[PDB]
Amino acid sequence: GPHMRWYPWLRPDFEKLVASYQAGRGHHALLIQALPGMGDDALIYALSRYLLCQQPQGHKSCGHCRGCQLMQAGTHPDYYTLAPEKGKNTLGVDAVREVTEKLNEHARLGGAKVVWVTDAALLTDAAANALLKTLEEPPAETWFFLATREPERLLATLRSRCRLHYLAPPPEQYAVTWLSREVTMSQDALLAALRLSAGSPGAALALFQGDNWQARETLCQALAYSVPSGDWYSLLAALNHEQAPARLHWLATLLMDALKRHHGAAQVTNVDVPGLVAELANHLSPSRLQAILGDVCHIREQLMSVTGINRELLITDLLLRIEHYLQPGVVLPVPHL
Amino acid sequence: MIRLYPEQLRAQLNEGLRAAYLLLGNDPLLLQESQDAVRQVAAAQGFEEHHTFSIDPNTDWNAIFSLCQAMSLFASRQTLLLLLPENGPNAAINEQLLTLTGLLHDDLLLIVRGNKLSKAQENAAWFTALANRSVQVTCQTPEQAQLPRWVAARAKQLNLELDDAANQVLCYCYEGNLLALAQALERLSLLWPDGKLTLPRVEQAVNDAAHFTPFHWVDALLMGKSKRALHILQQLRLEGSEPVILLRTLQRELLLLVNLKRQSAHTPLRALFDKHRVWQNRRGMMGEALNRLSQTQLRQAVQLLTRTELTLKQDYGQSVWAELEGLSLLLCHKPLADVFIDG
Amino acid sequence: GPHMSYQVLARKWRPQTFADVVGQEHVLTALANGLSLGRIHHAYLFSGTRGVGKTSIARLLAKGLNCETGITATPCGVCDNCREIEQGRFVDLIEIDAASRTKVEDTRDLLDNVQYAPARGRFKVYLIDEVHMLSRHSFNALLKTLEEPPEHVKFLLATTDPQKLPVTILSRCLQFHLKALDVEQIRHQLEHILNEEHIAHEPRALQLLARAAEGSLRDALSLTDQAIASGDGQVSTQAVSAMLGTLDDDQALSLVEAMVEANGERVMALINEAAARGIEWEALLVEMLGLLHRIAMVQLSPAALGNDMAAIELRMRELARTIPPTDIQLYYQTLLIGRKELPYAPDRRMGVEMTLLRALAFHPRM
Amino acid sequence: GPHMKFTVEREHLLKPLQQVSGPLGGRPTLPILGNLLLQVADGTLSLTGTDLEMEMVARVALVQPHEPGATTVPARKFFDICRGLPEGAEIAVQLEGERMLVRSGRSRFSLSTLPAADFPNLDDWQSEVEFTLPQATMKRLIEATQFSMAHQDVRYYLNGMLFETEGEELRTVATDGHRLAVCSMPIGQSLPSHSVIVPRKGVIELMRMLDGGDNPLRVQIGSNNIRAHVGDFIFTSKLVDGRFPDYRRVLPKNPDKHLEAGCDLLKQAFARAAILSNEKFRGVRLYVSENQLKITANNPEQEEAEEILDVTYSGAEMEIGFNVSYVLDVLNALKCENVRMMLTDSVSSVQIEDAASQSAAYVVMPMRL
Amino acid sequence: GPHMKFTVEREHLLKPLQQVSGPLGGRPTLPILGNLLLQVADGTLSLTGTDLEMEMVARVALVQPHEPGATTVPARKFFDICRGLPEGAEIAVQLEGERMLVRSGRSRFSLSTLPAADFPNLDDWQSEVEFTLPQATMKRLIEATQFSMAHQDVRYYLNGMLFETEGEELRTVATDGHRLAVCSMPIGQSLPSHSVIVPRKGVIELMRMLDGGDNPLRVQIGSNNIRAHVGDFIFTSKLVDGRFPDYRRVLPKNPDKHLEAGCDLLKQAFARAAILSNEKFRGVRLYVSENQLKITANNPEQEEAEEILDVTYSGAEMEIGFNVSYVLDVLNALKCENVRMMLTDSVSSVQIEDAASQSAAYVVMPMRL
DNA sequence: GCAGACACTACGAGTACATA
DNA sequence: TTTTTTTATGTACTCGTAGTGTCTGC
Ligand SMILES: Nc1ncnc2c1ncn2[C@@H]1O[C@H](COP(=O)(O)OP(=O)(O)O)[C@@H](O)[C@H]1O
Ligand code: BEF
Ligand SMILES: [Zn+2]
Ligand SMILES: [Zn+2]
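Residue numbers (the deposited numbering), protein chains in the order written: chain E, -2 to 334; chain A, 1 to 343; chain B, -2 to 363; chain F, -2 to 366; chain G, -2 to 366.
Honestly, the hints are just simulated from the structure, not real lab data. Just so you know, even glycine gets a beta-carbon here, dropped at the ideal spot from N, CA and C. One or more hints might be untrue.
Calculated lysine to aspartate or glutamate pairs in the EDC-like style (CA-CA distance at most 20 Å, straight line) [stated by the list, open to error]:
hint	chain 1	residue 1	chain 2	residue 2
1	B	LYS141	A	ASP106
2	A	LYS313	E	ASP122
3	A	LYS334	B	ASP324
4	B	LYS141	A	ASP36
5	A	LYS313	E	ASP292
6	G	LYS198	E	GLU95
7	F	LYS254	F	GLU314
8	E	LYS99	G	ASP48
9	G	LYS198	E	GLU98
10	B	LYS141	F	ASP173
11	A	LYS119	A	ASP36
12	F	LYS277	A	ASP36
13	A	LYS313	E	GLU239
14	G	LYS277	F	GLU314
15	B	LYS176	A	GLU186
16	F	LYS198	B	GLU102
17	B	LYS151	F	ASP238
18	E	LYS99	G	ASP150
19	B	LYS337	A	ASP315
20	F	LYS277	A	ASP56
21	F	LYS277	A	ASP27
22	F	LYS198	B	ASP106
23	E	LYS99	G	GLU202
24	A	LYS313	E	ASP91
25	A	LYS261	E	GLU320
26	B	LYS151	F	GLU50
27	B	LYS141	A	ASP315
28	B	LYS176	A	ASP208
29	F	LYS250	F	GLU127
30	B	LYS161	A	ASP27
31	B	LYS337	A	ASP338
32	G	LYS264	F	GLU84
A few chain G residues that don't get close to chain E, going by computed Cβ distances all over 12 Å [as the list claims (entries may be wrong)]:
hint	residue
33	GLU64
34	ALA114
35	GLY219
36	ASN221
37	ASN296
Based on the sequences and whatever the hints tell you, model everything.
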């Protein structure tokens, strides 16, 4: 399945990062600020391959030593992974505590040690705090790797004890060329997907590979039906899913582009769908458009943040409040200081 | 399989004991009464030695099978009793019951006590093997409407005079708690052996030890009975039920009401109810609600519901119990202030 | 120890005859009629509010069942076993604090002691206190014993939380539920003990003690003992009022009373008193918001008042009837905004005071 | 109260402490019931241990200056103190206030006691039967009727053992609802007929205290109490209230078909056939013909044990199902060499008895073929 | 080619297989973790079991001609497939695709396997130090200081033993910050100075591995793990990264006050005093005077215990309070005739050692109330 | 011994409750 | 006439199992 799919835009950075470890002066803790699915996992995996290799050469693992074989097999006494438990999107303090207690003993293979957390943004406060000191002063030859959507989203204490590497996304033309090579579809839709993925080619490619593109097309059609009539409730049929935050973000981008079109911005995030954005711009006043956009993004943040929240109630209430906002003579929310 | 109610058991027991008796219901009182009657009749007909067992992954089944296959030195007639788990007979338990039915003998009388049987549970072959010759007793708690008739019938059986007021008080104070209702009937009969019970006599020795379910609260909201809904809500809070259960139970119905009110502008409720598998009593209650609720009231109800959900889930606050009274007073007939619905 | 006054009123004034228990007629009459008419159950389970008489009434039942002058509601108190039950220990009355013996390894021994014939009395009497804390396996053992109880044993279980017991135990026990004592009954009893203890008293102090008792007679007796302590052997109105003010915890309700009354000095004094007790300020604001929500629900319908707020029912009802809804909504908005702004204040005390000052500015007095 | 004193040797004290420890030490119903009651009277020491239904009292001779006082000292602590002292060292004991002082060679302890007024004691009871018996007879009666005793049955009367006094004969009866065991022996004296139920703890302590030496065990039975004297050990207990079932009915009073065999051969054959029985439905089937008997067992493997020509029989063909555990237990407890086994019917009780004596009898109920 | 010809006899592997299994696959942590590796080399079959921390290898001698290689199989399946075979069995294991076929007469069974490349295992490594230890020597070394390990303490470096080798001497040091135990034994072998910190679990598993003076033990210590070869069994446990404290600076520097007593007398006295000591604070206060040791204790119930011992004491009168458990443990470990105690100050630690042999030392740190 | 018996102590599991 | 519950971590409690100290007639 999904594995170390190396990406070209990681080449300038990887060769740099291994250098920081080749001289032996590298930081034990490297927090990667990379967009999801952009390639942070593959880069961290390759770095760990270099680190745990007993007889490495240049900028790649030998693939012959027993450390390389064990790493390939997925089992290694000196390669700990911290990933959310199956069916739960969080990293418990118990796993971090077990890993930290295991770090006390020496490395079995006589080499170094690697502790890789799949996503530091999913750390529970207790787990991140249990990892604080382990991050600060690890034992001899211990290496930590962290990945995050946003470093500032992490705990203000954990992020302090870590060298932060930022993976710059490729320029839009390079990304669209890469995805055109990977996917044979229209340029407009490809650019729209890249802008939707905040310029990250990996996320746009994953969006096209999955059914998310069909869902986006269905949501665009539902919006086209609902904008002139105000039948926003039907949007529920397209909005309620296990990937609801992504579709809410798509709606937010559409509202972004409607406000841009009213202001006349040269480029828009949704370039593949001009009819819907034009309909939104002409039908809805900017004053109510801003309120709808703010409420949609607030609902998205609430849905992402608090675990166990019910998607049905939140999405239905968002749609009903949007329909209420559409009616004239209704006060609008104002951002709170 | 003769399916009966506890009213008709006596005659059946006088007709002759059956190989197996399945006491199935959600009501402890009727189950216990049927079990006591069965055991009394069996003791009258020679069944002297009584054995009781609890079904459990910790049950020493081999002992049960040996007892069913071993004769006793005294009182060869034996009665076997089992207590079904809250989940009913599991697949392994179904096989165990099939093996027990295989060893069923004329001299052995079997009694089963537990919750209701779900369709899959009696689908298992052992149920039919028993049903070839057995009796099943449905001890289901009477609903709100059927309670006064049952209370009056038991009062006439117990030889005490109840008026309408005392019956209403007993129904209002003991709903879903028929065990406590019979305890109260015994208490009132023993307190005043005159046999005449009225409002002043019964208003003293009756407490509000009712047992409710979230469905009762939702149906009270649907029918528009605000006082009954508040009573159910307070009783459920005192019981300690999780408020998220109430939130989900109300949310399902409220979303259905919102969808049907949206669709009522094009299609009558008669077809709309048949579209989404709404039952007859539910059809009547839902039609009454949809006729007595507008769009604005439903929208405000959903707004208050999502505010309560956000308070419960991300703030871990303890104001959900007080806030649910907001929905209770908003749905029935009374619009509520804006600040209490959004903020 | 030294001097007879050491006897705690919660212990010395333990009822000894059915004529001494007060306010529990609906159970006393039932027990008397059952004992006299021969009607009897295998087990009797008592329940109700704390300090109402469940254990005392259970001990009275144990006295009545085991008097050689016949099974009767009223024991003589002269013979050997009647005194042995109260003074000293009686062999055939087995008193088990279930909280101390939750594990099944003790209930197993207890039910191994049920097959033995009673020594003195006819009925082997078991009194198990706080039966709602027994373990699940102990509950299974107790149910097994209760399924076929020998004719010479009758159980007595006393508890405060009946909801925790297995339904199969409730099914075989004729539960007696004891209602919380009324204010008048508590006051009359307190007057009775105070007059019969040669302790001076004043009626307003007795009314205050009864109101502060929250319905439990043990609370009233303890506050009476403290009132006698606070002073020189005299229950004075001033001493009782000062003690209750020291122990009072309804700062939020009196504070909203003063706020709606627009009495700024009263609100400030109440905030001072709450500060003296170290009251959590955010908890105070939360409780005030709850009170305002409840009073609004009362305004919408009088059914919003349940049995959970029976102590403050009259005050909330009268403050609902006299105050228009608009003032309630404005005060709720002001207090919610103030709680939102409370953490970002110089300190919690000044923040909550500033919120109250904001609320008082609406519809002020001359 | 105060002034009470001991001066006792460890050898003369250790064994009675072990005897009186019994069930004490665990969490008691009352805090006092963890303390041995120590008493002095007429120059002898009395140790008392109580369980609200038991009382074990040990008497120790005193030949040292002392004082007739009483106290209650924790059983575990006092026994540990008396055990940890050097061998042959004398313990000197006194009381002061609420502190009991123990002294040995350059060693002093203070222990917290409780007043003797609060110690429970078994109420005085008028005896109905007096009895004297050698230890060997009582041990034989108990050992041959303890295995077939009910275990935690919901029926109270089946718990414990039944004592029968009939003429010049003492009888012990045990029943678990499927098995019955009766062992009856002469005693050399005539007694009024009496039926008395003794609990499981009572028979356990009766069996434990029995000694291998010659001793006239002096039993004393009242309306609802039992007491036994073994030298200086006096053990009393309550009686299990109830109605033990009549043993004279279920036994094969008038049998017809019977078998004669050797106990060892039947034990070996039953053990061999035990492996031929599944754990569920764990039983055997005895198929008996003229001087023939095979033992099988229901099992998916479908095996058999076949030794027909090693038994005596004077009847017709029968096939009767037993439980292997019950027959194994009764054969092992019988311990004799020649065994008689009366087969009244295929659906009636079956008797197992000593073919060379009449001291014991056992009744086993077949289980549905 | 899929050769994998294993030709072994069952009874010669069941005990090794149970040994190497030990904590066999019961943890769902990793599918490969719950497996055992079969390897052929040096004319012998190596059975390897490892859970990424502890590795155990049994080197069983082969019977018939073999075919070298390695493959891993489910441990529980192999354990159960050879534990029920009647007496001996000619276990013939063959490779078919990804399968082991086990044959013995008319008994053919299958076990799905995994390649040995996936199984984590340790190859040859340069040992930092090598020991040829008699079994009795290491048994005494670990036994006399195993009670001094820290049981899951915050200081992670104290969670094990310090094996310090110096010259021709091997020392073990174990402490938890309250007690300390040092045991040094000669080896007659010039060995480089080294320090090892073996965890608690590793030393416990090593201790329950060696027995019988007939098979000398071979210890190989590297920079990251320790291996022990007892006969044909090999154990491997990782080391602790911490640094053990300098024990020679923990022992008192100037123990002016000397005491000598009998080991049995001290042990009996300490147990006797601990009978009435506090339940969770088992500490005695000890006074030394001229040829006299007074040990006293009490509990919250104020049941004081006091004893006096005739000792050979050199020094001034002194008071020191220390816990009883550590000193009873030290006295039990020192299976000697005379115990020598070193005391410096009423606030200083106490040294305990054998008076007749300078081979062990213990430090007890007193209680400051 | 001794091993069984018994005593005792520890670990896991299942359940219940509290908190944010 | 069948329908409804959020998490993460920790703290007790009560029971069977499980492994081991120890020691008494075996
Ligand atoms: N109904 C009552 N009548 C008289 N005294 C009472 C009553 N209820 C409580 N008390 C007083 O409180 C003391 C303790 O009462 P108790 O019955 O033990 O309360 P609980 O219900 O909490 O077990 C009694 O000694 C008595 O003084
Ligand atoms: F105060 Be009671 F005995 F629960
Ligand atoms: Zn490599
Ligand atoms: Zn009397």
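**Message:** Let me make sure I understand: some of the numbered hints might not hold for this structure. Which ones are they, in numerical order?
**Reply:** Hint check: 1, 11, 12, 14, 21, 24, 27, 29, 34, 35 and 36 fail, others pass.
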